[PDB]
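Following the hints, complete the assembly by docking chain R with the ligand onto the known chain L.
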Amino acid sequence: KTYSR
Amino acid sequence: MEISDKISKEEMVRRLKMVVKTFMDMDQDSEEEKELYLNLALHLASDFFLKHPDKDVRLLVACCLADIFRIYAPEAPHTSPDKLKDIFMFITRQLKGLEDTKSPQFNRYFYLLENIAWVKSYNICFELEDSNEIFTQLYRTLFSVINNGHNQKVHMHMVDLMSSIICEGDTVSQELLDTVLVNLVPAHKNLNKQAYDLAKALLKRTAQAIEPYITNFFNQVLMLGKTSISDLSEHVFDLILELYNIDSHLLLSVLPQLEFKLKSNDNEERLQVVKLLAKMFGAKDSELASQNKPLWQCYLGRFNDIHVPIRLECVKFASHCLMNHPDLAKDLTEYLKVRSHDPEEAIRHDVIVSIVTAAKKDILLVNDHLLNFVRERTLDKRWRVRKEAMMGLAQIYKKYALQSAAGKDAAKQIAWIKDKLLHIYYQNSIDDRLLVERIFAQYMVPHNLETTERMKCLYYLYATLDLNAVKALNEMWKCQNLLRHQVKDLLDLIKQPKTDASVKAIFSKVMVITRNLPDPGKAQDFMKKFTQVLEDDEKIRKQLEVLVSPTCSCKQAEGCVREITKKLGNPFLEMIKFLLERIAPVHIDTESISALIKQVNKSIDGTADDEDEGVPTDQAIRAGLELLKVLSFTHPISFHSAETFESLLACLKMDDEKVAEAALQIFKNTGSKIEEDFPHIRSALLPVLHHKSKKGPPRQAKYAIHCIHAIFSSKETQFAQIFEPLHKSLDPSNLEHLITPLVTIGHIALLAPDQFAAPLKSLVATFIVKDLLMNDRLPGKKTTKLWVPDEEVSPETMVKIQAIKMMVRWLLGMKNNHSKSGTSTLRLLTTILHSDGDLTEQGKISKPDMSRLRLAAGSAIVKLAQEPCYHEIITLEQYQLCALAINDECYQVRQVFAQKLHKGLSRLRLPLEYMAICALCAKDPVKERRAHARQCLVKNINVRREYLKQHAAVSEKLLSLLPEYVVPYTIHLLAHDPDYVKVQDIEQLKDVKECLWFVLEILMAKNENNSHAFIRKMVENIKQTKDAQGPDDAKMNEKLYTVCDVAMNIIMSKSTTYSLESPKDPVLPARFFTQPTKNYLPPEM
Ligand SMILES: O=P(O)(O)O[C@H]1[C@@H](OP(=O)(O)O)[C@@H](OP(=O)(O)O)[C@@H](OP(=O)(O)O)[C@@H](OP(=O)(O)O)[C@@H]1OP(=O)(O)O
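So the protein lines, in turn, are chains L and R.
Take the first sequence: its letter number 3 is residue 3 in my numbering, and every next letter is one higher.
Take the second sequence: its letter number 436 is residue 436 in my numbering, and every next letter is one higher.
Simulated from the structure, these hints should not be mistaken for laboratory data.
Wrong hints could be hidden among the right ones.
[To be verified] Heads up, simulated DSSO-like pairs for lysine-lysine below, C-alpha to C-alpha not over 30 Å straight-line:
id : chain 1 : residue 1 : chain 2 : residue 2
1  : L       : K1        : R       : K21
2  : L       : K1        : R       : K204
3  : R       : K761      : R       : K781
If we strip away everything but chain L, and leave its shape as in the complex, we get:
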């Protein structure tokens, strides 16, 4: 899980 857009 990571921060993505």
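Below, chain R with the ligand without anything else, positioned relative to chain L:
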């Protein structure tokens, strides 16, 4: 479980290093442990940690915060933006630790990097107001820590980290973009390759995502001229180049911006775009031309730019394009054509450099059109340009023709170079002619080759050259020979006791040598210096004496130029090297001639080379003999060796007439010392010469007789053994067997006039005249034709012809008319012409045979006229009848007769009265005859002017050469012409006019030194004299005076400089005009 400011510093760290492990090992799934440690996570972000002065603590806390972001994602625990900003700036400060790869803490800093990269923790900052400051400071840090100590994993993590911010971010400020592009600037790229590689990896990874911000960057500075946008505004062109190589897509919308800039009116800006696009299009792996055709075509259009530097850049670019992009070569041919004609020398020059440079790499990279452009430039108006083209073609020849570096089919593509380069020797330019010599010595027949290899090279070259090419090469040999002789003469003058007279002689010689040197404005002064040095330095004299001697080997020569160049060790020393390379033997010496004759020998018996060398063994042999025949005139002494004469002896016994004929001619020209130095050759040679002299063939019999005269001191007794038997065999019963004996006797009569004075006198009187010329034993077949091939001529005629040539040689041997023996023969030859060739007038002789007899008698008188003692005997009436041979009914007769006049006039041995004969060729229906007659006049008038230009004149020897003195002879000859019957008839005088105008149009073409005034003064003087052939005859003088007025009418109507004063009072020929009013023209003229 607790970390605070209460605990001792040691125990706090001890606790932290444990807290790092649990946070590192924790999972996003473990809801239990997360809720438990959540309060500690929030606490580790406290300002007590973020500003802790201990380096080891901040590091440990950084690692925690990283995992704390990993574990709780995508919903971090810290919610306060002000606090969330303090964290990520704090982390960036810690990433500074990545720089020291030798520190024991490095692997921890690497774990920090690896973590935030994998988790994309920084993406949290997209929503913060100060996002750009954070990301900018992050980028600067990463680019400032990267060094050669970092493995690719470091590089990879940094790209992952920075890529995310661009790809998944809302925007990219110019400031943030600049932190990446600044690393590409040449100045920075130079001092920091690591930051450079990292930027490339980044831009490549994020090409799609970042293109709009790059496009926006260039559009602002290029199109709209906004430079304040960035501090990298000055490096735009450097950046566009760097960016194109990283990824083509980066310039997706920039290439159209360049296409627009090509249309700019700013010359300097337009130039820079062309310089740039040159590198882009030219690069080896580039594919810009295929991917963007309109830009390619819009670029090629700049070949026609008004601005010279843009043209020059496009021309320089063509070399790289030709070498790297063969498929684009076709789009260049048309532009390279027009630029080869450019007004600017620099552009014409560089078109050559580009084509040649590509060619030297590989000839297949240049087509026939491009080589033809280089060819066309050898005739360029600028020396520096044609110097470049010739050297280009030379270097191409040496590779792809001499060495066949690209196969055999490629060597036939450029088979024209050898011929075209040597044709340059016919140029007036001294600079050109001397360059052809250097090219021949270096690139066509390399001097550094060993003797046997060097003549093998020359042998097959000479066999494959154009007709004018070998002529040029012969003229080159001859010119060096003449120059070497001029230098030896100069040295001999310097060795004399110095008087005012020799000082002048020396200056004359110097003046002559400089005409054969480049830049005669400096050569005259440099040779003054040179003579001064020679008068003093005795050791330099010796070295030059050796270099100029005819026995100087090529090896000695290389040594001699070495020593001389040393003892003179600046523009002066440059000039002498030109002189030294001209006179120094490079190809031909004693050993070379031996190697060359042996090479021809090989070719005659087997050889096996001719076939694989690319030349028929037939023409190779013939060429080799011609080459040796030529070199026997220019380098005769070089033939003087035992090996050469032994080889020539074997050639003399070949049974091949053409080979034997050549060996005899070479012995004649080089055997002058055989008897002294090579007695075994002499004795071996004697029997052969007697055989050939007795049994023929004729050509070999002739050469044999001259060989005996040249070599043997005992020639007298030798001739006796030959003459007396041949004197007996002369029986009119045998016609076919009289050819060779008559030839041999003729040449003996020429070379031995006194020894055989009485037998010859009787022989001619009884056998030639009475027994042979007065009978027709075998009448040729009656026919309508006026001429037949040599094969179909009656053998009796062939004997008569040879009997006439024998009489001429008999007279040229005596060279005196004491016993009135010359008058008799001249009286005989005239009657042959007067009787149309039928001396007996019985009509038994064939018509073609009569033609060949008229030609023989006409040719005979012309040959005797070239001998001063017999010229005195030739009466006007004899000369006038002989002259009419130029209008003989037979084309072949008038053709060959004219050829004989030309030859006599070219050698300056035939008087001008015989040049006046050419005026009668205006009556010739045949165009070819009129063309040759004019050609004869032009060539003979010019060489007589060029000769008088250089040589000082003398009273009687000056009148003999001045072309203007042909007019009196022409006026006299026409006034006595048979067609001119009625004095004042018009059509007859129209004929006289076109004859006069035939020579005057040429004689007056120059119009210098009062040529026209000189001429009219002659014509005026003629009207004050009498015809001399009949002074009392009034009607004859009327005809003389009127031809003068016709001549005068032509001069007056064709010039304006005739009315001037004559430079000197013309002396008319005493035997054409006696010692010195109205117009004699009919009014209709
Ligand atoms: O001197 P050679 O090498 O022996 O050449 C001579 C000579 O030529 P040149 O005098 O120009 O050198 C004759 O020319 P003329 O003097 O008679 O004008 C020429 O005469 P033809 O034109 O009639 O052939 C001739 O023939 P000959 O063998 O009778 O002497 C023969 O030339 P070649 O032997 O080489 O054919």
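### Message
Please list, smallest to largest, the hint numbers that this structure does not respect.
### Response
3
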